[PDB]
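Only one chain is given next, in structure tokens, and it is the form deposited in one PDB entry.
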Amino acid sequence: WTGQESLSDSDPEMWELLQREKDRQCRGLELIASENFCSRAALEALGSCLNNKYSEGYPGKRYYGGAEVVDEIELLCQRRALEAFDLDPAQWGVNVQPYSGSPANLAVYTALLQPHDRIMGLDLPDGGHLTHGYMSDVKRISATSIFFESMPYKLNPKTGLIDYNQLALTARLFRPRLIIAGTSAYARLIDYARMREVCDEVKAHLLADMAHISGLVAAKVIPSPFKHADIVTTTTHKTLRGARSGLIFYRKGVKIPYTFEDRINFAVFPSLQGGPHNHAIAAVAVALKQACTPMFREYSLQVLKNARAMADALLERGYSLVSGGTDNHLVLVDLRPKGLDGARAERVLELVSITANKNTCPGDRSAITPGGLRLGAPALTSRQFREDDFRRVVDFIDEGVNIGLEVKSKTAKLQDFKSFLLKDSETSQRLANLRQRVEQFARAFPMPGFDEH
């Protein structure tokens, strides 16, 4: 045993699993707005000898020795992070160690707040993220809601937009120490200027959690939360198209100085994390360098055009869009006027190799079965899909919905619907036909990564 044997030789059962997942990705139409396809170059860094190095601490300030090279990598990741988002290093710093987006958020909170201090975020069914505080009427769900005290803010159901007026009103009463501007299921641009005014008024830090939109921000195809936020968190996957990891950006220098840097860095290590995942950090550096190029601006422009094209294509075929359209990378479809719901559509589409998400619509409860569907452009755009290809994706979705409708008029409950798609031979064949057409279409497009895994 050398530990230099190939995976296919040494673990054939695992190698066969990688190959099946590779085929599924190649043959599927990936419309999950948080999905993307990582470049080979980034994955080569990710599965590298950088996994082997413990480097607790920071560059030039490590616990263990032998970090000369790892220090250069982390420092380079830092520079490319600031360059990607066009940040003056006198005015901004960045921590590149969070293990993911959720740890990046928890580290911001533990850095700046005391246990049980107050946070406000977009409610989860209104399109916010678990890590912005989430508790149900029954219990505390996010650790954000356990260690801190959250109160959500809401959409205006009339417009499908964030109700900035109700946020202002309600923040005056609750008096949060931290307000989070950022979304998981929102088709529009956040009024960061308005968020900032509410924060200034109640003396709260503004956190922009730009995970979903970070690549669009890097490419300068939408306005930057960095103009208004104190702290910006993000994932490095999603629209940035890197390995799974996180980033915390913070202001530094004069506001009387900013005091985020030392607190943020201490919270990440030693308070929360152990050894940095240097292999991830390297992969992120690779993706961040990719994000500074003309190629990536053109990619991000195309993502917007494709989402528009998908939105327009849906409108023409008689669908309703929550907020009436999109200004970003995803669209929110309201299926209730069509007579179907998200849980039904999602399952039908899954069986024809189209992966989308059910999505709560404004006004409905976090209890009633979701009336909507979230569809995203980033992943397929990475496979060189253009506007005509997304029109074709919408054709396939429509057939999916129409099958979904017919199965609904023959079934009672949700579990009836789900096993009827498997058992009933006439509908299972109509799905088999659509699946094969979807996969023929999808397989012809290029796919970032390695060929076979």
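Rigid core (definition): largest C-alpha set, two forms, superposition within 1.5 Å. Positions refer to the first chain, counted from 1. First, how it differs from the form deposited in another entry.
In a core superposition between the two forms, the Cα of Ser366 is the only one among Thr159, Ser271, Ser366, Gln166 shifting by 2 Å or more.
For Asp230, a C-alpha deviation below 2 angstroms is recorded between the two forms after rigid-core alignment. Core-superposed comparison between the two forms: CA of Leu414 displaced by 2 Å or more.
If you fit the rigid core between the two forms, you'll see the Cα of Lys338 move by 2 angstroms or more.
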Given for the second form:
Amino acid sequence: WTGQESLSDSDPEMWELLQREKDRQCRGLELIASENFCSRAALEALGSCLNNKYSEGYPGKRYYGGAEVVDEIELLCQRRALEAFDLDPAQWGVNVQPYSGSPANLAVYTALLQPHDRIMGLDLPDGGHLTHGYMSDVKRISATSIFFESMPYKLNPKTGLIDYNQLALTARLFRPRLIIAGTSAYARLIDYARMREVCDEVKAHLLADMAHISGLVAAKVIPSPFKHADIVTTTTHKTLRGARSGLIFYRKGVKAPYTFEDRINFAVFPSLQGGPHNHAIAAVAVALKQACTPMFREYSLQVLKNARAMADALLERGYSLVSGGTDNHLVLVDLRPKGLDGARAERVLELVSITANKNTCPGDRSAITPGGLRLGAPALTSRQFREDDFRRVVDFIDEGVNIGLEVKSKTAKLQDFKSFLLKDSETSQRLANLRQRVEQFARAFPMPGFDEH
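Could you drop in the structure for the form deposited in another entry? We only have the form deposited in one PDB entry so far.
Just this one chain is shown here; partners and other molecules are left out.
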């Protein structure tokens, strides 16, 4: 044993599984709005000797020896993050150690709030994220609703837009110390200036969780939350097309001085995390450099066009979209008026290599059996899909939904639905026929990453 044997020689079971997943990604219409295809260059840094290093602390102030190279990598990642978002280093700092998006948000709360201090985020079924303080009527779900006191704000149900007037009314009574502007399943742009007004009136910090839209912000194809936010968090693996990781941006310098920096860094380490994952930090720096290029603006412009084309195609086939369209990378389809639930839709489409996720819609009370379906353009746009290609995607989807509707008319419970798809010979044949056409269409496009893993 040398530790230098290749994966294919030393663990053929695992190596097969890797090829199977790579093939699955190549042959399918991958429409999960929070997924993307990472470049090989970033993946090569992710799987490197940087895994081996403990470097707790911050550059030039570490708790271990031997950190001179990872010091330069971390410093380089910080600089590339600021450049990518066109930030003045005298006005903004960045912490690049959060393991992912959820740890990044929890660190912001721990840094700025005492236990049981008050936060406000968009309610999950209305499009907010778990870590924005989500609890249901029956149960505190996110730890951000356990260690802190959360009250949600809501969409206007008639329009599908955030009700900024009701947010302002309730914020005066609830008195949050922090308000979160960021979404997981909202197809429109956020009025960050109006959020700033509310925060200024009640003396709350404004945190922008731009995880989903960060790549679009870097390419400057949509307005930037950095103009109005006190703190900005993001993941690096959605529209930024990087490895899985998180980032915290914070204002520094003179406000009228800002005191975010020391508290944010302390909350990440030593308070919440242990040793940084230097392989992820390096992979993030690689993707951030790619995001500064005119190539990336062109990609992000195409992401917007492809999502609009997808939405237009769905609207003309009679589908209901939450908020009536899109201004970003995703669409949220409310299947309730079509007579199908998100769980059944996700399953049928998955069987024909169309990959999405079921999603809550306004008014839903179950996330396991919700009424909607979320679709995103980023991943397939990275395979050079164009508007007409997304119009074809929508043809394939309708075709799968119609199969799902027919199976629903012949079954009662969800277990019956799932079994029927596999056992009925007639349905199985239409499924395979559609599957073959989808996979033949998808495999023709290029795919970022390694060729076989």
